[PDB]
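With chain G fixed as given, assemble chains O, C, K, Y and Z onto it according to the hints.
In case you want the letters, here they are:
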Amino acid sequence: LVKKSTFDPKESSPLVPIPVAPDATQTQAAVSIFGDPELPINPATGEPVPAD
Amino acid sequence: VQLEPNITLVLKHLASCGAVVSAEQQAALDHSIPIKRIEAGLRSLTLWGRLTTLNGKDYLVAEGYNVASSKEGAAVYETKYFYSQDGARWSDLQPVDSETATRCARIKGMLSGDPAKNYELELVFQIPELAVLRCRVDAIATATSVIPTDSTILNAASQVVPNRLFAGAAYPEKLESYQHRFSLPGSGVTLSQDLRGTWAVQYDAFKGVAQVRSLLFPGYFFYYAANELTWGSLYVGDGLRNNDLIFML
Amino acid sequence: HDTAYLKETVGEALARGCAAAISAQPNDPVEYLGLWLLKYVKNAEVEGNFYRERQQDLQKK
Amino acid sequence: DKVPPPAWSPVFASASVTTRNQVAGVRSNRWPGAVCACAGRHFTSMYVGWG
Amino acid sequence: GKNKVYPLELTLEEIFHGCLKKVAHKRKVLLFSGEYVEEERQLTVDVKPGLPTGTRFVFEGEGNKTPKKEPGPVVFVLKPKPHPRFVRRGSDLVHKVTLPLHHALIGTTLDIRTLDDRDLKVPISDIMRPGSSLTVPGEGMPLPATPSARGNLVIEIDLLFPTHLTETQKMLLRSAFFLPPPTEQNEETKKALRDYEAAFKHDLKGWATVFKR
Amino acid sequence: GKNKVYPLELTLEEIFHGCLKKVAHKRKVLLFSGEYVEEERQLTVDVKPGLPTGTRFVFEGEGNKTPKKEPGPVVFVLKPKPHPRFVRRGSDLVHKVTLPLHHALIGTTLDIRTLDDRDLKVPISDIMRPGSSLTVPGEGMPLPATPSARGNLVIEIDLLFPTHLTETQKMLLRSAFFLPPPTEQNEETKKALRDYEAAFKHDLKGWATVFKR
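Chains as they are written, first to last, in PDB author numbering: chain G, 53 to 104; chain O, 2 to 123, 143 to 269; chain C, 8 to 68; chain K, 358 to 408; chain Y, 134 to 346; chain Z, 134 to 346.
Please note that the accuracy of each hint is not assured.
Within a straight-line C-alpha distance of at most 25 Å, the following computed PhoX-like cross-link-like pairs (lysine-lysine) qualify [what the hints assert, rightly or not]:
| # | chain 1 | residue 1 | chain 2 | residue 2 |
| --- | --- | --- | --- | --- |
| 1 | Z | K323 | Y | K324 |
| 2 | Z | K159 | Z | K202 |
| 3 | Z | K198 | Z | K161 |
| 4 | Y | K338 | Z | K324 |
| 5 | G | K55 | C | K49 |
| 6 | C | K46 | Y | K181 |
To be clear, the hints were calculated from the coordinates, so they are not data collected in a lab.
Just chain G, same shape as in the assembly:
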């Protein structure tokens, strides 16, 4: 009952919240070896970028 009855004036915090998340560069690099990386497109001309 007390838990249900406690007042909780949720007010607008001055700051936008920030995420607490570990860095993900190493795992992303590890993932980047699976599958084929599709050739990126050139925004100027929809034809794909030169490749080897």
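Chains O, C, K, Y and Z alone, transformed into the frame defined by chain G:
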């Protein structure tokens, strides 16, 4: 006593039932499950199953919930579903409105590979294949999603949370020991309250591993090890339903 | 007269709210007081509802 | 669909098509659970599942 | 009778989450001296999540005070700063994406970064028409009435067609746009398609996988 | 000072060529009788080639005749009847053709029958963008000022994307949309392309040309 089912123990205990994944896809899963779990802000994300297509490119499907609350006598989980042709990159499965959710249950046969396929039904209605896949996953989750009883408890503010003091289920052979996920902890609803012959349980007393297979949906398996309290489930195979249950049994 | 109307109408609840505002020291005590009164009536009604639900569950068991 | 599904859908072992030593086989649609695989000169058939 | 209006600029993240802004006001008390006297007043404005554009916050009692007439209220009108990705419409969000042609036809995933710190990857469900839109439910701005519901994000698809195509590329496109249905193909057609696919996905001499340069 | 305004509906062919219309007017003269008496006058209106829509022809001295006031003029306002093909936009026509996607990419020739009794075949000169257009100079309505020059016909293109595509068709489309430049192709690539082209254009078992059932 566990808080989330492992992806390795599930694949190990369900390997015999044919619920297996390719080794390359298994490594890709091991790498890219946390990436999607952090990219989506989900506290829980596990592999839900694997659906077969007319190509070799099966759909791997993973579900994840952020909040899970009691609502009108139903333990509602706010699940999000993701699909992937390969274990590397995941896409989202948007929910389906009721009109197409009823026009998608009449489309049968095992799906194709490209998720950009339009089925045409009867004037002609065009329905995307992703909608059909979402319908099938929803139907299987409604019919099958199974956890041991008393493994969840209700706290203040009416949220279902894992029971940290779950000591395990006596008589794992009995179907009474298992319940659907969306059953409230207080209610005594189990798989016994389903149809009589739609669930087969085979329990190895020595190794202490019970195995529950769905006969209404033949490709759903759920293992529960009791020596160390570990339960998991996987659906492998096409998502179609077994209508004529009376004749088979 | 008017003082009695105010007292036996709102006095106890307003005193409780003012005590809460003194204890909490918010940045805008008047809005705090208004939200406190709204939550006051809401928590009374949901308190009654909570007792009703517990009784129903016990009877069902 | 108005196109009847064919039996024996393919099955691959890698997402990339440029892997070096990969196995690749067929899987039956009439009988779900029967699979044939072949790596070089080592081939095999096997059926697991409901009958 | 006269009120001083002032634009209040916010970012979409603040309106999505709900800011508590502090604003400075220059109030001019007018007296017998030729120069007026100015003072800086601080005002706290509480913008709640999902307040619609054009919202007016009126502070009564503040404003330039002439000797005889009590100053009229000051008005703050909400307006959002331009965002690099989203433009808000009504209650939901519009994201305009330039999409290549093959991403439309074959189908790919659009990767968008929400106002909240989540990364959506939305698949292309079918052949996206010119001027078509893809709607993701429960991803727009929150509803001001209820602080839990959300609008539906709208992705307006803009197609980016290729600038050049060779005659052999056009031949391949023509053959792809008139292939007989699979229950009407010859055996020669099936063998030819098998050969072409095995020669297009060749691990060393095939061009399915190319590394950029 | 009241006037009677009447629509005058013309077809695009008449305005293009220059019609000569005879219109009927029911004019009322007020008398001592309780009811009026009316008569039908005939009016010759001469529309010149390509007069702008909204042109007013005013006949002075024609209109209902009250006992005291000389009747005011009667106004005819020129408006065009809907056309199955063209809609005029100022001095030039607009034709809205729905185009298949492969006609857009590969390129075909649109067929248009002009207002004059001449047919017209206009090639698609490049990859037609979504919401793009084409212009054929000297194929619009005549200029009202000079009776020789005309506007320019404007084709507004609305692509008709295919409704269904198979997975092998998508494979062919991806191979077409990522083919390496012809100076980067291996010999295996060229041999495979030659084989596929010889198989797709096979005179008896190829699907390059089929007859509709």
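Open item on the list: When the structure is checked against the list of hints, which entries are broken? Sort them ascending.
Closed with: The structure breaks none of the hints.
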